[PDB]
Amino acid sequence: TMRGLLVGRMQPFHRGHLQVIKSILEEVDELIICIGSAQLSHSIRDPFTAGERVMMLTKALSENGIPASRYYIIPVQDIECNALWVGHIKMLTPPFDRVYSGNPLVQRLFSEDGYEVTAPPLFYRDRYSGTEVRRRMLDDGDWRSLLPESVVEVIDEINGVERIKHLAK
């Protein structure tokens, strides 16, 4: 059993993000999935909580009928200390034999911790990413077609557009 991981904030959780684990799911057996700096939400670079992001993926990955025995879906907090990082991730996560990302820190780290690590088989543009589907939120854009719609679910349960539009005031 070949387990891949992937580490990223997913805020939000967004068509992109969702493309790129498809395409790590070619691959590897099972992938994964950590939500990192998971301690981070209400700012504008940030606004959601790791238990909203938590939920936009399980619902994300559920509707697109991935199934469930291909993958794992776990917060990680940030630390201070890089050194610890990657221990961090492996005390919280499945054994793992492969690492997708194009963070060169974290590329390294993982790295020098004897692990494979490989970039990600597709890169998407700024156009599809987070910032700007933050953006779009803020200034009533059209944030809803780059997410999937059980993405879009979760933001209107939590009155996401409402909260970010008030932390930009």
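Whichever C-alpha set is largest while still superposing within 1.5 Å between the two forms counts as the rigid core. Positions refer to the first chain, counted from 1. What changes on going to the form deposited in another entry:
- Large C-alpha shift between the two forms, rigid core held fixed: of 116, 27, 46, 63, this applies to 116 alone, with a displacement of 2 Å or more.
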Given for the second form:
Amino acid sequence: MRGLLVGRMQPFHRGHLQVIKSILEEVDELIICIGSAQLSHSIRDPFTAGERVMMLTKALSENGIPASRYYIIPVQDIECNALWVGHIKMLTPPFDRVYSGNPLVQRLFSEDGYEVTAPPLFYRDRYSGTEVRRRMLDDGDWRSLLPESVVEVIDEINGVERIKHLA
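Starting from the form deposited in one PDB entry shown above, please give the structure in the form deposited in another entry.
Next comes a single chain, given without company.
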């Protein structure tokens, strides 16, 4: 029983972490696709896919979730939304259920015949990439929004300096 979760993870935050843990209570393995893998260095998508692979790896590891329970697969975006479900399928192991709070993702997988679950949002007003990046830019408390392993990654790659320069 394998689930699928798609997210840009810009950057991976505590909301992503909560949702993943609960998904792991109902599936054996979780495929985690890092969407928009071709985008980096913009205010909306600051981090490369590879930096995001590291954030994920360190966070899940820090929280003791064994690697054999999930897959991390970067997925570039494509021009045709009508082909995107097939694009994900092509790049991943087979899966039984899809988890997403994104309307487009929900609708595409639904039209393709998949049951889609929209888990309850964990602290939706603070746990969002938008809020994290807004705090990094305006000097607010972004660190408390992310697992500490992710903050370490962001420090090592000079993420704040990057985003501020870009803005």
